[PDB]
Amino acid sequence: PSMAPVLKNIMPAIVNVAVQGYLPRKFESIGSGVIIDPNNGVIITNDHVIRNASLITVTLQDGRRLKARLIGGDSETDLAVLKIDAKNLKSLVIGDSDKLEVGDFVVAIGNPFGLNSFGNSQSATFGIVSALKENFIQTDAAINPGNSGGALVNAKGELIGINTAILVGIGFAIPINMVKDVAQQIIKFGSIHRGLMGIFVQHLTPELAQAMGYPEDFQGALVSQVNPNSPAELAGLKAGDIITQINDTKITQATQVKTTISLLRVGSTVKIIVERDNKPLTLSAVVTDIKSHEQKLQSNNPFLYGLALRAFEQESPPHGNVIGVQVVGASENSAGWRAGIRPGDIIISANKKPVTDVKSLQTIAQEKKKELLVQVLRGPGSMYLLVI
Amino acid sequence: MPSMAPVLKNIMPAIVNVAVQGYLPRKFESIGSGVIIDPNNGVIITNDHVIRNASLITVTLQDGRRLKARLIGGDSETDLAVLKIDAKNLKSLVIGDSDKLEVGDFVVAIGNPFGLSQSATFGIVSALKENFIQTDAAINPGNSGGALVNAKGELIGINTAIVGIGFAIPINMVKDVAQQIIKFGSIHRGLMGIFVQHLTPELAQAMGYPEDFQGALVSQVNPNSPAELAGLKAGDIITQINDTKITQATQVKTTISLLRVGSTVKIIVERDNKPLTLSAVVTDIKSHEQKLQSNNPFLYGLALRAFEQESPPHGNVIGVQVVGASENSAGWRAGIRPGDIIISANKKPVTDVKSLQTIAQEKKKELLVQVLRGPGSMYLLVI
Amino acid sequence: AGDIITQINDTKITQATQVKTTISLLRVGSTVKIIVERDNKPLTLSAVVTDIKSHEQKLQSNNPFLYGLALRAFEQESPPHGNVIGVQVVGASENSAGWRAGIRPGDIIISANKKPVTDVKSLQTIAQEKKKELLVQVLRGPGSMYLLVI
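Residue numbers (the working numbering), protein chains in the order written: chain A, 102 to 489; chain B, 6 to 388; chain C, 12 to 161.
Keep in mind that the hints are not guaranteed to be accurate.
Said to hold, decoys possible - Covered stretches of chain B, as calculated for chain A (at least 3 residues, CB under 8 Å):
| hint | segment |
| --- | --- |
| 1 | 134-141 |
| 2 | 202-216 |
To be verified - Restricting the straight-line Cα-Cα distance to at most 30 Å, the calculated cross-link-like pairs of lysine-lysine (DSS-like) are:
| hint | chain 1 | residue 1 | chain 2 | residue 2 |
| --- | --- | --- | --- | --- |
| 3 | A | 234 | A | 372 |
| 4 | A | 168 | C | 23 |
| 5 | A | 109 | B | 157 |
| 6 | A | 184 | C | 141 |
| 7 | A | 188 | C | 141 |
| 8 | A | 109 | B | 250 |
| 9 | C | 125 | A | 188 |
| 10 | A | 454 | A | 397 |
| 11 | A | 234 | A | 359 |
These are computed hints drawn from the structure, not numbers from a lab.
All C-beta atoms, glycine included, are put in the ideal place defined by N, C-alpha and C.
Use the sequences and the hints to build the structure in full.
Now the structure itself:
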């Protein structure tokens, strides 16, 4: 046998992508790309291939050199969608990257050379899927700058990933199922606007599965935290829940949650099915804007937002016995930080009243809407600060 | 279970270690591989770079003999060399056809890197095109000069060490190089005098041919060349050279490159959708340059244009500007350099190129030119 | 050329400087009033600011094959080509159809749609006649190449 017959029929889908530009100086960048919609002339490539482009020219196997338009990109997943206006365009069968196993055979194909290598401008390498799982297919089919943005295909010649050359036998591809959904969102909207759900997940290993009361082969995503006032908390999610489904996607691996949710639209209602102590629950959460949530959090805690605070009592020369609330941390976006509070500060009075524990400070902080006057001890000195 | 072990076991005996000692123009060693391609006459192929500068070439077979080899000949351009050993009970392998290769085919690269033992790697044909096969079967100094074989274990290439990017020289070319080295001792490249380019579909349609039409597009036929005499023209599509069908532009150079001077070459073309068979005689590159020189003995190699420019302190300068001048020209030798303005010739004013060309025909022995160079001037005799 | 802008819109001009800055940042779509002096007679003019890339796309659409190419007549004896007559590409913007098709500065265009090109006008004539594609034969150093401009 040979992989040559399958490669022959999909080669017209693989294009060369040439970029000219200026960086924050003059450069050129060559990679590959894959035609994923031949009727509308949509081509996927890597974001790193096209970043800072002034110009992008696509070359097909048949020799035509086409001016390409950027539909949009997404640096986080290193994908970009391009459009060319042409006819007589070919694609390939799109596969399901969720069905991929370690040990399956694959070919990585690019078209690094374009027109002066016409009829032999493509480049193919052979290996296996070496590992799965930010989330990438890993292969021993050498993947190199030439061929980054090109096609990883399975043995039946179906597209299962987009090659990405990062950085020595080992290469990486972005799995096609994620690619499909990033592309579709870029086409509709021009960029991915990621929102917030507010939960961390971890891999449910057979060992944790059994220690939590589930069979050793039970699958899903283990929820390790739900943040206060997040969409996930509102929906009723709790730590220790196992997520088994998000909307219509069956969840068998923690990586799929981040994937499936990351690209939902701010405003969307999402259905989440969990197991909690062996009992199934259906929950519903609304994805929110990350910046709108952070504004909410500030609004409801306008003075103490972003401060890590603990009770404190300590003989502290030359101040005598110091009783107060120690600021262990302060985010630089806080009203506290802006007023001048810094980690290590001890809050010893607030609106002219003594502070003993964190709760006493929180109660005082609810006194005025306009400002909070804090007296802070900082090493051997002190100062009054107005947090507004 | 499926395995490449059976085919390989039958071809290992054709693969040899090649060890070289000599002195770099001081002492050095070079170890590579090579392949027996004629078992009866002990003919072995390796790379020219393995055996270069050798005082001694030793060949180690799988059965364990270490033999003294002699160099029949080399060609650095294709990086091949042909060795001879005087020994019996030699084994070879079926030699395949590199033209039948496609991207995706399975290949094994095999060598014998150790010497005073064998080594195989696996991959596919990555790219085809100096028309090297590219593969991801790792090639490395040790296995350079060794065999690249297809899945049936036929020799399709000779490996050459330039990651997951190795290279081999296609066997069809090796065949040609080897027979020419065995017969004459080296390769004496001749001249045809054309440039060729890819015939893509759009260019096919643009020129009045089906979109899938195949050949090599002639983009230039040099004046006074053998291709010119034969009657080739720009815009012709070469579809066959001798017995080789031409489907890609790269095939023209490889097929003609290795044909010998004085050889008669049959070039079949299509011109305005009619086939024509043209016949040309490959010429010796040096005696063609000689012929060009002899027919244009003073102006040969000079790029010239008409010149008119107010140019202080010379006033209004009218003449012929030397835009370029090959260093092998009689002009260059006489002292003409690029940027010179020829303002007279055999004591007559020069206005345009044709007026210089006419003056130049006045005598066979010498051409007297006055050249203006920056602010100065000089008389030169071109002979 | 040779006009002296005395006033732009609301602002009065006494400095070349004021002209750039005042229009430098003026907004696309904006209409703008410009007062000038020609040989002592003052005219009052109206112009509409346009978007840099739409303008460039206009130029390209109006001159599909030769947009962006600096061109001059060329005649020269050039080994090994013999006597070369044609149109030399003195410059080629990288965003042109010509650059995309492979034309580079220094190329000599010696025919277009199978016809001979002698001067700039003859090339511009051939390009106007034909539509959709332009087939150009160019000399490049010792070599040559067919190029298809689309």
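Residue 168(A) paired with residue 23(C) [C-alpha distance capped at 30 Å]:
Not satisfied, since the Cα-Cα distance of roughly 44 Å exceeds 30 Å.
Problem set entry | 8 Å C-beta criterion, at least three residues: is the segment 202-216 of chain B covered by chain A | holds (count 5)
Q | Straight-line alpha-carbon gap residue 184(A) to residue 141(C), limit 30 Å | A | holds, 27 Å
**Asked** When you check the alpha-carbon spacing of residue 454(A) and residue 397(A), does it fall within 30 Å?
**Response** Within the cut-off at roughly 28 Å; holds.
*asked:* Checking one constraint from the list: CA of residue 109(A) to CA of residue 157(B), max 30 Å. Satisfied?
replied: Holds - the C-alpha atoms of residue 157(B) and residue 109(A) are around 21 Å apart, at most 30 Å.
Given coverage of the segment 134-141 of chain B by chain A, checked by CB-CB distance under 8 Å (3 or more)
Result for this restraint: holds, n = 3.
When you check the alpha-carbon spacing of residue 234(A) and residue 372(A), does it fall within 30 Å?
holds, 25 Å
For residue 125(C) and residue 188(A), compute the direct alpha-carbon distance and say whether it is at most 30 Å.
holds, 26 Å
Would you check the hint for residue 234(A) and residue 359(A), treating anything up to 30 Å between C-alpha atoms as holding?
Satisfied, since the Cα-Cα distance of roughly 12 Å is no more than 30 Å.
### Query
Taking 30 Å as the top limit, are the C-alpha atoms of residue 188(A) and residue 141(C) close enough?
holds, 21 Å
Item checked: Pair hint outcome, residue 109(A) versus residue 250(B) [Cα-Cα no greater than 30 Å] -> Cα-Cα ~22 Å, so holds.
Hint 4 from the list above is the single one not met by this structure.
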